[PDB]
Amino acid sequence: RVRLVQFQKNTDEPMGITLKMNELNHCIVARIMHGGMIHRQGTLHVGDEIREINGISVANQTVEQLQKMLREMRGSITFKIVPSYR
Amino acid sequence: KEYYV
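Here the protein sequences come in this chain order: A and E.
According to the authors' numbering, numbering within the first sequence proceeds without interruption in unit steps and concludes at 572.
According to the authors' numbering, numbering within the second sequence proceeds without interruption in unit steps and concludes at 1477.
These are computed hints drawn from the structure, not numbers from a lab.
You may find that some hints are simply not true.
What the hints assert, rightly or not - Computed cross-link-like contacts, DSS-like style, restricted to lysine-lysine with a CA-CA straight-line distance of at most 30 Å:
1. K566(A) <-> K554(A)
2. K495(A) <-> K506(A)
3. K566(A) <-> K1473(E)
4. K566(A) <-> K495(A)
5. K506(A) <-> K566(A)
6. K495(A) <-> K554(A)
7. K1473(E) <-> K554(A)
8. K1473(E) <-> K506(A)
9. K495(A) <-> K1473(E)
10. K506(A) <-> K554(A)
Stated by the list, open to error - Quick look at which bits of chain A chain E covers, simulated, 3 or more residues with Cβ under 8 Å:
11. 491-503
12. 506-519
13. 553-562
In this text, a Cβ means the ideal position worked out from N, Cα and C, and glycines have one as well.
I would like the entire structure built from these sequences, with the hints used as guidance.
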C-alpha cells in the first residue's frame, strides 16, 4: 500500500506536476506536465498520494509550505507515496 | 485548488 520512490532534482527546472488536497487532506498528484522532470524520470503518476518528502510528513504543512519546500529542494529526493492503480 | 511545483 505504501511505496518508497526516489528522484533527482539537480537543476532549477520545476518538477512539472500539479498537486491538490482532497477531502481527507491528502496530497494528490493531479496532473503531470509531459516532458517535465517527473514525467521523464517516471517517479510519480496521476492520483498518487504523497505522504512524506525526505522523511518530512506532509500532513502538518500548508500547500504553500509544501510548494516552497519542493521548489527549493535539490539533490536526491525520497517520496513516501500511496500509489494509485489503473 | 491546484498548485504547481
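Here is what the structure says about each hint:
no.	hint	result
1	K566(A) <-> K554(A)	18 Å, holds
2	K495(A) <-> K506(A)	21 Å, holds
3	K566(A) <-> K1473(E)	22 Å, holds
4	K566(A) <-> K495(A)	16 Å, holds
5	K506(A) <-> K566(A)	17 Å, holds
6	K495(A) <-> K554(A)	14 Å, holds
7	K1473(E) <-> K554(A)	16 Å, holds
8	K1473(E) <-> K506(A)	6 Å, holds
9	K495(A) <-> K1473(E)	25 Å, holds
10	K506(A) <-> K554(A)	15 Å, holds
11	491-503	holds (count 3)
12	506-519	holds (count 3)
13	553-562	holds (count 3)
When each numbered hint is compared with the structure, no violation occurs for any of them.
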